[PDB]
Structures are given as C-alpha cells and as structure tokens.
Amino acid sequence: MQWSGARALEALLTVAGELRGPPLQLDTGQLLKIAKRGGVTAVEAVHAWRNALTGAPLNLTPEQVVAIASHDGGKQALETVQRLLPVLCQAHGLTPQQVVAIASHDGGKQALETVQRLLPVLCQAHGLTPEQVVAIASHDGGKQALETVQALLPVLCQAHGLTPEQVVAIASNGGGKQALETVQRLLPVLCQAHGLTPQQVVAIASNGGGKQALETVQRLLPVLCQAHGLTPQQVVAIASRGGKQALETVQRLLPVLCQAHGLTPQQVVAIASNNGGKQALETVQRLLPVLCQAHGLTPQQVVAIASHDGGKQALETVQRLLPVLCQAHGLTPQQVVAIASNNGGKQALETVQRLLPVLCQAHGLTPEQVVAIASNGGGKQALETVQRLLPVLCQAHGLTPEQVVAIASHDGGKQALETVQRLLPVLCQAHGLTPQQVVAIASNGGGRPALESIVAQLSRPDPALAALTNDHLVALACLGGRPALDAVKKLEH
C-alpha cells in the first residue's frame, strides 16, 4: 500500500513476474517472504543482480538468495555478499554456506564487514576457531558481538577465569554485546554475594536476552527464595530457560497458582523453566479450570502440556481440538495429552486432526499407530513424512508398514525415514547389511546420525580399522548410535 510517489508501482510488478522468471523461479510465498521482511528495495535488488548471484564466482541457489534477502537490510547484505564472499572463502577459508549463514540475518552487511576485519585477530591473537567466529557472527548484531568479544575476552578469561568456550557460548546469541557486558559487571556480585557458581551465571547469559535475565535475577533472587521458598537452583532453572519474563511472571503468579489453583511450587517451576514461560503460566492460569472440565484432564496433565516450549500454543490447541478428536475421531483424552506433551504440540494436534483419516483409510494404519508417531517431538513432521514416504519405502525399498511406523515413532522420525530412503540401498548391497538391521538402527532417537555414522565408517574404514566386525558395529549403533561409534574411534585416537 505504502503511498508516497506513484506511477512507479508499474516498475514494482515489472520485476515481480520477472523473478518468477528464469534465473530463480520464485513462487508467491517467496516473494511474500522477501518483500515482507526485506522490504521493496530488497525485492528490487534481487532483480537487479539476479544473474550476478546465480552464476559467476558466487553460484548461489535461489533459496540461498531468498534467505539472505528476507531480512532488514537485505539489499545491503546482497550487495555486501557479492563483494566479500570470494575473499572470505579464499583468504580465510570459509565455505559459502558459512558466508551465507552470516548474511542471513538483520545487519548482514555489518557482520560480514566485521568478520573480514576481525576474523584473523580473533583466530590468531585470541586463538579462536573460525567455526566459533562464524557462530558469534551468525546472529543479529554480530558486528557488536564480534567487536565486544575482542574487547572483553582477555578480561573475562584472566580476571574472572572463564573458558573461551564459555565466552563464545555467551556471545553466540542475539544481543551478545549486552550479555557479555552484563556478565562482566554482574559476575562478582552474583557469585560472591548471591552465592552462584560461575557455571550458573554463564548458563543464564548463554541465551537470548541474557542481559535481561541476569539483571532480573540479581534483583529477584532473594525475594523468590526468602518469600516464595524457592531454591537458587530452581531460580536459575527458570532464569536460564524462560529468563526475565518468566522470573517476573513467576513472582507475580506463584501465590495465585498455589492458593487458588492448587499447584505445587515444584510444578510452577516446571512450567516456567522453558521458552515463553511467561506465556505458559498466564495460559494455565486461565484454562486450567476449563480444562479440568468438559470432563477434561487432571492438573498433572495440564502441567505436563504446559511444561514445554510453546506451552501456551499447546494448551490453546488442546482446549479447542480436544472435543473434535475425542468424539469425531475416537481418541481417549490420555492420547490427546500424549500428543500435546511435546515441543510443537499445537502443530501435532492440528496435523493429526487433518491426517488421521488419510493414514487410516488411504494407507491402512490403526489409530494406535498414528498416535504413537504423533506422541513425539516433531510429530507433525513424522506424520507428514510417513504420508509421503510410506508407499515408496514399502514398494521400492521393500519394508513392512510396522517397520516404517517404528522408524517414525521417535523424535526426529522425519529424519530417520528420509535417511533410510537414502542409505538403505548402499548399506544393504555395497556393505552387506540386512534391512531388519538398518531398521533397528533407525528405530531410536538420533536414527539419522546413527546411520550416517555407520556408513561413513564402512565407506572409508577410518583410523580405528578392522577390529569390530559389521554385525558388531550394528549392535553398537542400535545401542547408542553416533555417540557410541564416535566413542569407539575415541578409543584408539
């Protein structure tokens, strides 16, 4: 809409169609995405030098270009990337993905320029890996983090005996500069006076809005312990996972949730020690009545649902969809809670709703199964992936459905499934594995990296060679995936 001058919105839609055109092929959603967080000059600039970016020394993918553009100061980044990508890759040995990853943030120009300028001095003089330097820089106001890290790292490590690991941890977030400065200032105070281990202080600062969480603790720490009878351990739990808002909100709503709604302080901390703790608490304060109602649920279960990232979303979604699932799709509430009691509950429930019938009719599954898939983190993703990949896995690669469901019924189901599709061939023919084995490996959390690891060891029998036969390596990877396999290589080093 955005009126100022006119006649020249023609020049704006001139470009919109041309980007659906060939070097890039942008769909609607992508142009949305650009224009929305990038603005119009972003869109203009993409067009401007679409060819320059797709070939030439840069050879970026469309989705990479979008990623960079879709941020405040996208134009600036795109310009800046053209300039600096090759020099950063050549003169400091970064990958493109790394350069892009630095750029794909607000004030990308600044990060890139600041990386160029300071990558060496940090890597050389302060002995940092470039991995780490990229980590610090790959955020909003990286320039500031980078700059601050230079300034304070000697001070933090000598005067307050902090590992560089820890400094990186703190700086590798939004508002690093703030977190760092705040830690310097408040470390003595918090450790000596309020009796915290520096590990705890870093724990707190090593999230976004750490500055805020730190300040808020120094203030509210005694209060919460003396008055509301909380342990400092509990307070740091909250301060590390939900930070400022959660702390404040806890003080504000603790008495209420115990007097009126009868929860144990134990449980209140559970709920608040997460992202959007503030949000969850306020949500359970409402709703908890109307949830222990419609027959509905016990407090145990409402707590369960709220005690995750985006608890609010879960509770709101549960409240809304509990009827339609229970009556129209025949699920006990026990199951609905199971689904809701993970990260992205909302997302699972909604996905279940719309895919239950499909999987059960079209793909021949019991509801019990679908719930199992859905009763994990990233339920949505597993469900959706099962839908795509069940046929192809059963026919092209020759698995039973019960096997596919097993693979899917774990955190990261999506990945497991996708990874099986990629590797099951090479594994079974080229290295002589037997599908039932491959499935067993994949039917755990970390199924993907399990597989990826197991392969890498066979394709190039790594430093610790011979020694373990394949049936062993399988046994091991079923027992602890990549962690185990790595733990064996590190038993030879």
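The term rigid core refers to the maximal set of C-alpha atoms that superpose within 1.5 Å between the two forms. Numbering follows the first chain given and starts at 1. Compared with the form deposited in another entry:
The only C-alpha among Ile34, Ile441, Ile68, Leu60 that moves by 2 Å or more between the two forms, given a superposition on the rigid core, is that of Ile441. Relative to the superposed core, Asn51 shifts its CA atom by less than 2 Å between the two forms. Relative to the superposed rigid core, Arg422 undergoes a CA displacement of at least 2 Å between the two forms.
A displacement of less than 2 angstroms separates the C-alpha positions of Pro23 between the two forms, with the rigid core held in common.
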Given for the second form:
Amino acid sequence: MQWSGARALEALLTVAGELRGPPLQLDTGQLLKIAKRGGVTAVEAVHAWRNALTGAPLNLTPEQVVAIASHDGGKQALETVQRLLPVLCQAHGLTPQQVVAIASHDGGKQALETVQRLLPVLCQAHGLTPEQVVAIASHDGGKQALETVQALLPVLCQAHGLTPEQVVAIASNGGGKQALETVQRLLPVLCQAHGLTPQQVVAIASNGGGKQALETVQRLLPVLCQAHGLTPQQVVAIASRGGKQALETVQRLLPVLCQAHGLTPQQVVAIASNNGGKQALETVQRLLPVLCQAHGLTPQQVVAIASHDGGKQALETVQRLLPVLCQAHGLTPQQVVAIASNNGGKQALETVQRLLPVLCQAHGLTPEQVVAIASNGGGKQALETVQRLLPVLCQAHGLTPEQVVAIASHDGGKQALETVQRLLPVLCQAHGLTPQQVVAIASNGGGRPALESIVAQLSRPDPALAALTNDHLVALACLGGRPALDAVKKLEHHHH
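Please move on to the form deposited in another entry, as the form deposited in one PDB entry is already shown.
The next block holds one chain only.
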C-alpha cells in the first residue's frame, strides 16, 4: 500500500475493488471513509471477514460494517464485534445497533470488552440502566470512562452531591475519564471559591474537553469577572458551550471587539458560547468591517451569523456567496442572513446555491419556499430530502407541495419527511387519521419523534390508555410532540 511496495498497492486496490462486490456492495465514499480513518488494515480486515460480518449470528448491514471499520483500530473492533456481539445481546440484553454504537469509535475493542466486563456491576451495584452504560461506552476511550464511573460514581454522589444522571452526563463524552476526575478535583473550589452551583459545573463538564473547560474556568473566571466585567453566568455559558479555547479568546479579544468594533459584551459572549467560539470570534474581528462596509450588513446581522456552531464557516461562506445570491439569484441580504443564521449555515447557503434553480424548475417551487426550507437548522438536509421525496410524497401519498414544504420548513425537516414517508400509510389506513392530521403532527420541530411516538401508542396501546381518543392524541402530539405524549404516560402511571 505504502510507497513500500507497488505490487502491494495493486493488491490493496484489488481488495477495495472486490468490496464493491456482492456481500457489502460498498461505494466509493464508503471505501474512502474506511481508508481515511481505519487505514489499510481496516480495509483489509473488512475484506477478509465480509462474509462472517454479514451472516452468521451477526447479520450486520454494510453501513454498520463501515461504521465499525472506520476508526483507529478498526480491525480490532471488527474482530471483537465478531466475538462479543452475540453475548452482549443475548446475555446483557443490548440490541445490535447498540453494540455497533459501542464498537464505532477509536479503541472499540476495549470498550466492547469493558462493557462485557462491567455493565452488570454498573447496573446492579450502581443502579445505572443499560442505555446509560451504552452512552458512556460509545465514545473514544469508553473503557476508561466506564472504569472511572465505576470508581468515582459513589464519591461524586455522596461526597459532592451529584446525581447518577449527572455523573453519566459527564462521562458520556470523549475524555470522560478526564472530565470526571476533574470534576472530582475542582467541584469544591469552583463552588465555594467562585460561587458556582454544582449544576453549572456539571454543565461545564458535560462536553468533550470538559477537563480543559473546567481548568480554564478555574483559571480565568476571576480575570473575566473582576477585570473585564463579565458575570459568572456568562463565563459559565462560554465555558460550557465554547470551552477552553473560547474562554481564552474572549480574554484576549473582548477589549478589541468592544472598544474598536463597538460590540457589547453580551454580543461577544454570544459569539463565544458555541463550539468553535474561538474561531467565530477571530472571524468576526477579521471580516466584521468588510461585511458592514462592502456588503452592507449590520453588526447585529454579523453577530447573528457568528452566533452558532460553525459561525466562522457561515461568515466566510456569506462573504463568498452573498454577492452571487443577491445579484444572480435575486435573494435579499435579509434572506441570506436567515439562511446563514443556523447551525450548518455554510451548508445551507452552499446547498441553496446549487439547488434553488433545480427545486423551482424540476419541482415547481417558488424561491420563497426554498428560502423557507433553507432558513432552518439542517437546511442542506431538508432541501435535499425535499428533492428526493417530493415526487413520491405527492404522487404516491397524495400530499400537496404546500404540505411537503410545511413539513420541511422546521429543524429536522429531513427527519420529519422521511418519517412521514414511512408512517403515513399506517396512520391513515390502519388508524384512520387524515393526511392533514399527520402533516400537522409533522409540521413542528420534533416531527419525527412526535410521529413515532404517536404510532407507538396507537399500535401497542400503552398503559395510559382510555379517554385519549385518536384525535386527542393527534392534538396532543401537535401541541408538544413526544414530550407531551410521554408526559401523560408518566402522569397516569401513578395518578390514575
């Protein structure tokens, strides 16, 4: 494979070719993903046990095989899944998808082996659920995090007053060991010395890099408070949402962005408080001028674009694409900003760029409708799913384009559309719901869950039965999705 053989390359490439074949039927992107992260041995591993993984008592899908293979040590994870999946399922009551989730990280082997070793004790002696153990286990370094929950859950609960959920939250991220230990070491100082609440410390600690965020908060909270004027609450927001890197970038750019660019603290904070906040801030400091003078955006709009995960990408993309989107497509700035002002804004912009004309042309949609779809989180996904699924939703399922669009114009549009494709048949002709009621369920954020939850209760009439007739359930799902449904399930469990 390496430059360390050229007949060896041919051999590798032949191995990749054969994987396009019957068992897995892999496509180029899937092969790429494996080679990119699992490396050559992962590619070879997959080839070697393609049959074993697809049949036997494993019965994995190719996409599951790809998910497992495409990490450092993928060969090991694949080996270990072949050994442990059956017993994890039969004995520990996990589903294969859960075993795959565990296996699909760097060092999957160790996590799989540690889950087998520890799940029972974590459940019996500590009272965690299998879901919880899986969530702890399904990250790089799962082994470590599992072992550390086993070691510190008692002390964290009894000595420091955390709940198990809290502990699990902390553990269920990459570097969980580190986060838990750091909470153990610093919780007391952060509360008594800097006046934080446990809850806040937990929140700071419950994302990748939490150790770093904690140590940095400990280190920089005083400065940011007593010197730059920020409130603790604000520092916590930066620390929890933007971590260490954001905290440090605020320390160094707050004065510049406020005094030289005229932003308020609240604004700097809002830009900071997101994954990549470091990047966002640095990108508004560059760029804010050219966007306001050469593109005629308000600072408030620039702040809005920056104030999401990937803010930098959105800003850079807006700069690159606002001209061709107003000028050659006929959108206003205000529309462009709206498309840009969500997680993945870069993706939405780019996807509108290439799909506005197709969607209007080959499906009969107005620009205003394409904008409305793109103007939410996951715009790229919503647009693309409307492109695939609009034909079948209209012709087969008898929905209006107006209806399709309504479902797509919410965060999780893709999810809702696909759920609707799946579940309209059964909801209409097995439970007598109208197409309009289904759409109305789907046309909120949380569409998919609300739908899946409604089909569940209908099909397996659950505990909290009786006076909720189908129409009451629909209304209920429309009002508050699955949370409303589960809430009722909850309340009847004891009240009735």
